[PDB]
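Model the full structure from these sequences, guided by the hints.
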Amino acid sequence: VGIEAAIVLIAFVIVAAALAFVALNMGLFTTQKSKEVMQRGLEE
Amino acid sequence: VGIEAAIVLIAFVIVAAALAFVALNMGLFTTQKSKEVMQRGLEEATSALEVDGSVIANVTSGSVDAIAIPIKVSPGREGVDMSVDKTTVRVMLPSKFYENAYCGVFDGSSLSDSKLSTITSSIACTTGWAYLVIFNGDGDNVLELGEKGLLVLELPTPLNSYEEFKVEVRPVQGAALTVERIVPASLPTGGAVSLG
Amino acid sequence: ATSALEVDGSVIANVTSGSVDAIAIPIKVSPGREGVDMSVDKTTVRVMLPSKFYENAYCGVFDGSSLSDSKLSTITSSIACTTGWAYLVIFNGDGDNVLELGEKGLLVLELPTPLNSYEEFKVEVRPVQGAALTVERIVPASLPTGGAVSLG
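Chains as they are written, first to last, in the UniProt record's numbering: chain A, 8 to 51; chain B, 8 to 203; chain C, 52 to 203.
Check before you lean on any hint, since a few could be wrong.
Said to hold, decoys possible - Straight-line C-alpha distance at most 25 Å; calculated DSS-like pairs for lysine-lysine: (1) B:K79 x A:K40; (2) B:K79 x A:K42; (3) A:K40 x B:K103; (4) B:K93 x B:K155; (5) A:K40 x B:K155; (6) A:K42 x B:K155; (7) A:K40 x B:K173; (8) C:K103 x C:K173; (9) B:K79 x B:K173; (10) B:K93 x C:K122; (11) C:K122 x B:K173; (12) A:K42 x B:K173; (13) C:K122 x B:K103; (14) B:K103 x B:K93; (15) C:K173 x C:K93.
Simulated from the structure, these hints should not be mistaken for lab results.
Shown next as structure tokens:
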């Protein structure tokens, strides 16, 4: 009974880790691009 | 009549004991592995790594030669391993694409001083160009909180004016860092130029 | 349960004569170590094209000895496969045909005259153990006359 619950837990944790990786990567990229675009606006 | 019943009982009890032994052994192992995997997931959640400041480039003879990208670790400590065999740096150029230009991490002993020319000149890599320089570190190849890292590219005759470049870092654990900048129109004949 | 395999980074494509020729898909192993076998006889790669469908285009895994350098052109040119196109290139590996943690893999497609502008493609990897990886990207409008172009 416990073993399958542990397997499901492992799967759900692994899914969450991938979501976190994607979220941080894209958030950092979009923050950098926002910095660049507002810098360009100030230049303009 | 009783004796054979006792023998069957003994056999069935012995079978149950073996099943119990197997069940407890494998249950303990799988619980330990679940603990380890969720711990690793929590580790992967943190250790983001991010750009701290402005990218600064070296220009010689009217063209951009070297690029310095300042990075730091995100809140949450849990440092990122910057070893040669565990980290890969991707450089995407207008006419070139490089999958792995990482050569390693050399300690920032402050050299003679913190000049960009001194850093780009004293440090050399046997193969590849991109290396990372740690400041205020303890001498390890892991970037931790309290340590400032400056990642340097040595580019032989790329990067004229106005074209874009893309630099990506791929740690073994944590999110890949994406950096994209455009070279400004105004470039001095020498010295560092800020890329914003 | 473990050994998921996942995309690490951005898919990068090679464009020649105004059309996309080769596709590089960076992948890594998920947390939990427990590497994925990348042998020829155990892994199948599916490519779904707008006018074509291929069930198995995998030709094998060749070690990333860094060649002369890490150019996309050098990788696509030096490596050749007897049958099929898609191969995987391991970096920082120990020379085995298994992708483990600490090893970086770049899966490359050699596509003869598919992939104009704006049409979608689908790439799927089917390991013997672990979840199949699904990759779908769209070619951007702006393609240079040469060199690599990022697909995001």
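Quiz item: Failing hints, ascending?
Solution: No hint contradicted; all consistent.
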